[PDB]
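The chain below stands alone and is given as structure tokens, in the form deposited without the named molecule.
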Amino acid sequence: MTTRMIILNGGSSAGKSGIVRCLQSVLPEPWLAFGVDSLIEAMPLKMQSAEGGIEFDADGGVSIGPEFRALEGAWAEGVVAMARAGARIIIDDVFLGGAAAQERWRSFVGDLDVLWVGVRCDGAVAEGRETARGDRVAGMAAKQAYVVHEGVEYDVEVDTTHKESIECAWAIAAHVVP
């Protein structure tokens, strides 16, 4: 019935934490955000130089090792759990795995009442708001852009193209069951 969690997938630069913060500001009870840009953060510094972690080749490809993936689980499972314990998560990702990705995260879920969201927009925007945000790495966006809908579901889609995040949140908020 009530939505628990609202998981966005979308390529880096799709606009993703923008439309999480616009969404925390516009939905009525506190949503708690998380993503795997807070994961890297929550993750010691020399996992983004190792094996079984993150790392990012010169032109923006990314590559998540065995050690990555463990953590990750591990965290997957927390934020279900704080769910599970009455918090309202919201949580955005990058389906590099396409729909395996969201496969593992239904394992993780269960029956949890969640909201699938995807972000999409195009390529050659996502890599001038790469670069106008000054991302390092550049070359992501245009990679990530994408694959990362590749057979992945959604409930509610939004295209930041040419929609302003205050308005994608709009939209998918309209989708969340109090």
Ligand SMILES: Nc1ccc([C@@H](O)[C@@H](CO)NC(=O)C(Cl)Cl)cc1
The other form holds:
Protein chains: 4
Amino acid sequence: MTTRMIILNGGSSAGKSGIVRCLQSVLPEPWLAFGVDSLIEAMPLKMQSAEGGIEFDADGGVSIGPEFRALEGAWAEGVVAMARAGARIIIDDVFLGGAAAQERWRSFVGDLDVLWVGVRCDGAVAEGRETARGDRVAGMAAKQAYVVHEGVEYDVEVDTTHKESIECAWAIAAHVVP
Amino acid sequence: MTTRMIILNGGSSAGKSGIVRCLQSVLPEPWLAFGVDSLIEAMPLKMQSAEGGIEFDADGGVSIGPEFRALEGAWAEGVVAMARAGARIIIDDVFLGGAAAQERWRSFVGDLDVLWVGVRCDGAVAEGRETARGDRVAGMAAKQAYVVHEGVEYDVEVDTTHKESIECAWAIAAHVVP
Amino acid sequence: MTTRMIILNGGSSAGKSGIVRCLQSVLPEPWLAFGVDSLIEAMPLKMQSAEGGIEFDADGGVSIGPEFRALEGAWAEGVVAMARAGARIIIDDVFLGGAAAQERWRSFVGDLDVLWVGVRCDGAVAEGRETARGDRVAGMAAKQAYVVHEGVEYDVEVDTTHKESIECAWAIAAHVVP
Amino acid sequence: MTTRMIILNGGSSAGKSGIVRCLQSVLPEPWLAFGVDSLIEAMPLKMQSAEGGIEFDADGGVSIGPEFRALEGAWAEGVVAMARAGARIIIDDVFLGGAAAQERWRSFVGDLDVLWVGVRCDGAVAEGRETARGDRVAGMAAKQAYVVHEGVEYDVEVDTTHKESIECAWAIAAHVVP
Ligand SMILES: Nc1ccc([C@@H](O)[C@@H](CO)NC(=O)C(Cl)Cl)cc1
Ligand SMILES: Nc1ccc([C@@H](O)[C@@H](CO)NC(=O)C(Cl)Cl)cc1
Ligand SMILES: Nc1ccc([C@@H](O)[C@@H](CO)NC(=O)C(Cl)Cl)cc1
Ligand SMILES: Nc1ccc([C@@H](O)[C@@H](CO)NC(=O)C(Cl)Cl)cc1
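Can you give me the structure for the form solved in complex with the named molecule, which would complement the form deposited without the named molecule we have just seen?
Below: every chain and molecule of the assembly, starting with the one above.
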């Protein structure tokens, strides 16, 4: 019943990264972090616009091709395999496909003990943060603030609109079975 | 016989990262990159000095505790699992333990089709690059330039002392069975 | 009476950078940003521990030698000269010496039209953010949260404890005479 | 006759940044570095595509509007003022307008003791490095490799095609009058 993998889902600028860094600092056992950003980084730069692999519209839009989806699948199985091997894994993703994305993750996780965390934040508030962070593709924060959660089932839900990262980290840590 | 995982070993500032970015650009199929640096990043910051996890001496020295070694093991199995799942994986590491480190990797890779690449660079030349890159822990380049290769068996060997990254990438790509 | 230079002072993690990026986005005329961080970057790496130039104690402490102070002076005169030349300049610093630091700045600014902004944030809250940002030298946020303001006179004061960056940017922009 | 400001000009990926970091490490007196990149950073993000301020064509092309040119002028006068104030200033720029750009700089420098350095690199070789560095706007290295030097007069010329950064730093330091 001991928790093997923590999986956070949230729109862009919702505050995921900062919670993950806080969780790593809060939790006593060492946890490895692997978000969707670290995946994008492990992919070839060409994979980044050359269709088949992710493409950002000037209006903060994101579209995923099959080339990308195939790589993402292999990666998913790798992190799950890390958990299964005994490592503690935190993963922050952006369920663009709502429940569909969660189903996709469930198929990989199998029967592993997972904590499904939901990170919410006000669309307008998240967009302001997008601006303060210096993000390039402006428009995402607002576009993803609500849709990414549709039909997604969580075990915990934090809202970073009025709560700090270190605080949402505490609410989440309390649901982690050692 | 098709190559599943490429594994580069080399001292610090030997030029590994740049070859990896070149390989990703050169090779036709998308390859995921996961070096030891990306691992360090996935670990909690505390894990970075609090004994048990990696510690950098002021003289460019590096020591690895058991806490770290355990996490590294789980990670190793995860990337191998990614290959096994069908993803193409490039991995740049620093075999501080020479052959011992390679044996450790062999135990995880199993019977997977791997390309063992060796990236060499002149100790003094590598140290100059360490300085030009703005690295903080000065001293590593020179300390690791030769020892990391002792007793290590490669399928290919490039030397970045007089050859460019894009060029070493070409010599390496030519040994990749599609 | 048109504002030539905006000068923010605040402890570490008080939120200065994000306000500066927001101001740049909010204000209609292009403003150049030059904090104390960009200065540290323009200095030689050796200047960073080799006494005479800034040194960070393991307890989040900071000490400035004369080598550093001399360079900082020349830099100060350069940014003022940029304003005088017609550029709009935002500057975020950390008045470690309270009023002393402000006097030091006044001597350089001369009779230039300046907006003295004060960015406050709860010491404990700022320290939590320090943790979420992944800062290395932990301890500064708390150590600087209050002292840096002692005896310092502001034209505006924002508190990022409960107000967002984009919001503090709005309160500040409203005091900028075009 | 003591050198007050060092000014390097070179195409993208020609190796300028690394020489600058080497010079800072080599030269005994602390030198402040301020390239054109640090300027771009001090400007508002909007200033980065919204015409009037710099815009990168998908083919590695760069165009500068008047909004940008005005800010650049004020900045130029600021760094010169820093030198005049007694600071030692290194500046790496990209003379897109060949001699025109140098004339523009001469008008700001005045009678200050300046070292005009020229950093050359093979267009094809520079483009390979552009790829290994992970630069986004591919195409610049090749487009700027030669034109940026047309009609420009140097006091020193280094070629990074076959010489290392630390080495070009040594050839340049030897022309610096203390
Ligand atoms: N499906 C998807 C994958 C990656 C991304 C990223 O570009 C980016 C957008 O804000 N995500 C993040 O910063 C997360 Cl850490 Cl919130 C967004 C959406
Ligand atoms: N065992 C070991 C693990 C990680 C590291 C890194 O700190 C660092 C030292 O240069 N390595 C790199 O930059 C590699 Cl990409 Cl060449 C060095 C050694
Ligand atoms: N005097 C002083 C100069 C620079 C610094 C920086 O190290 C650092 C500490 O948080 N400052 C910042 O991040 C500011 Cl932008 Cl708030 C702190 C204090
Ligand atoms: N005029 C001009 C100004 C800035 C730039 C930069 O985008 C960039 C292009 O490689 N320059 C650098 O990296 C320099 Cl350090 Cl070689 C290129 C050209």
